[PDB]
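Quick setup: one chain, the form deposited in one PDB entry, written in structure tokens, and binding and motion questions come after.
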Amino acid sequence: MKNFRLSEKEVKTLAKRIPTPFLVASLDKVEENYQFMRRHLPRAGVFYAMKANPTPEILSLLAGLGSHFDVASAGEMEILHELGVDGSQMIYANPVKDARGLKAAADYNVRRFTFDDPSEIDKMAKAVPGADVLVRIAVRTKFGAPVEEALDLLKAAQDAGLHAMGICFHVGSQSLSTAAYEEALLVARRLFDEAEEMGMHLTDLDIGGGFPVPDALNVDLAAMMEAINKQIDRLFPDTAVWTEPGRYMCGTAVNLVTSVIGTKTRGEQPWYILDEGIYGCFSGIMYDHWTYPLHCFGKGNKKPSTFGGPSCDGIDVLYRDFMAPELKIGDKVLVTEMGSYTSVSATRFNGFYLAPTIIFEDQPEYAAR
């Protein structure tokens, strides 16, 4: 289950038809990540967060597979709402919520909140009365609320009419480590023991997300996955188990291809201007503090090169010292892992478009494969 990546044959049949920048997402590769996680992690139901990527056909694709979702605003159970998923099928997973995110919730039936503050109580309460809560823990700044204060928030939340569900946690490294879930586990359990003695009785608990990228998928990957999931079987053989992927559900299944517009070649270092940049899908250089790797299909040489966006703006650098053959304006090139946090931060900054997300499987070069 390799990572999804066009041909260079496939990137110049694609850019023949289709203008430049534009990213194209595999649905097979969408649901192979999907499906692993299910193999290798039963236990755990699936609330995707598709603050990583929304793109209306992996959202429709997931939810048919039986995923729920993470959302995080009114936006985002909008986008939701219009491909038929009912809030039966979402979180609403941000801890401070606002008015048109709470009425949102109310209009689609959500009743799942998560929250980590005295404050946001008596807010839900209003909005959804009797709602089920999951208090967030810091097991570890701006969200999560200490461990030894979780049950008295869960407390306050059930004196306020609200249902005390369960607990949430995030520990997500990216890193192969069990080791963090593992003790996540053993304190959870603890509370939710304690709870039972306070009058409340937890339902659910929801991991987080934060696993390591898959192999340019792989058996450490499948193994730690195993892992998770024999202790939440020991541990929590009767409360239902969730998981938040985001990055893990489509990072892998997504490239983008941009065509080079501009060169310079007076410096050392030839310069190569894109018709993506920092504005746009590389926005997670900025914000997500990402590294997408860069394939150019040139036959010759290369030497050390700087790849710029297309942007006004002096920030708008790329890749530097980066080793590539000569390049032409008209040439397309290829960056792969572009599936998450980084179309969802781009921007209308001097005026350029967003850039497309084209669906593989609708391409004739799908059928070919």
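Think of the rigid core as the biggest set of C-alphas that the two forms share within 1.5 Å after superposition. Positions refer to the first chain, counted from 1. What changes on going to the form deposited in another entry:
- Once you line up the core between these two forms, the CA of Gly199 is the only one from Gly75, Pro293, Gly262, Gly199 that shifts by 2 Å or more.
- With the core superposed, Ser119 shows a C-alpha displacement below 2 Å between these two forms.
- Core-superposed comparison between these two forms: CA of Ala160 displaced by less than 2 Å.
- The Cα shift for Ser177 between these two forms, taken after rigid core superposition, is 2 angstroms or larger.
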Second form
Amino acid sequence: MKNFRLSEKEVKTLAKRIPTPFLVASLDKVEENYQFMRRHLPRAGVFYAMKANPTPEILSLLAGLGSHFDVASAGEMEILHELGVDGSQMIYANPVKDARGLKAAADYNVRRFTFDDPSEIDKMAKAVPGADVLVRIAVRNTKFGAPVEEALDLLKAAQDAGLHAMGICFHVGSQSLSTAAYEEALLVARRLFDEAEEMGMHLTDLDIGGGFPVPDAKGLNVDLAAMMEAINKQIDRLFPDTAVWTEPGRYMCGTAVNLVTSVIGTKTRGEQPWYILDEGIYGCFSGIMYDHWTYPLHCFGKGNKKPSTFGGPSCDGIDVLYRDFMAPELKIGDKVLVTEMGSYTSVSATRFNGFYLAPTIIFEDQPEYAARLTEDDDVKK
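Return one more block: the form deposited in another entry, after the form deposited in one PDB entry shown previously.
Next up is only this chain, free of partner chains and other molecules.
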């Protein structure tokens, strides 16, 4: 249940060697998150929604743990391919596919697809003649998902075009707090499954999507073990027959990555001090824009705190990260730490203003980790 968190001392030593900004990712935490899911939701096979974090070391580890991968483009398939993951470990789960992506699915023998529209059926059919498809249905909690009444018709239309109608999928939405939606959506899919059998169509797989929460600036309301055991139980209650899958994205790596950034300018105009950092809204803090997210920031200061503004290194007036944030006095060259940074962060970073992408350093390859290990082998036994 710990979030991966560098101590102040670890930030000092790392920053002596590696110029800021940089990200630090713990493979151990990614392993722990995966195993925790497998323990509390044993009925659900895992399609890592790699769109959240595609770091190759992270992908190699999950592949090694037996995870499967949800891929949304040619590029996601391509990077998996260079790590020796085969198309049989993938689902092309973008409901609307481009030419490049259909080619790649064909070339790497990807054989599972999701879809939510009639227009999609011929693209898939031509590209991958015999192919398992799941229909995506729109559940409650716009752009994606077929209305629940179209669902059986879309699967039948898919069989008439020579594709194998394998099942149903859905996604409750990202950062879900309550299990209700998961259980509502499981019922909605239950109805459809019955209606299908009697219709002379036998559906074998259910994909319940992602949405498992991660802690943000205010932390986490939910207990995840319960949440997962609950939904696991109501899977058992409803789908004894059926092969069920989940597509975690945010959950897998969100609590496994920290950002380390230096203060590079101060603006003590008053009333409120502005601290300018070396990572900004055009880099890792892009999730403020695209993910409506608020990240936990840690300032390492002795003095009393005061309302402070943080901004990014760019020349754009939009590059403001925090306002009215209670912070001690910082000076140029101080490090701040941002935790819970592994998801929908570096995947939307840019080279706006010519800045370099912040690199991801694998913590387990560093002496700070060796130091944690020697500290742990002494105290625990």
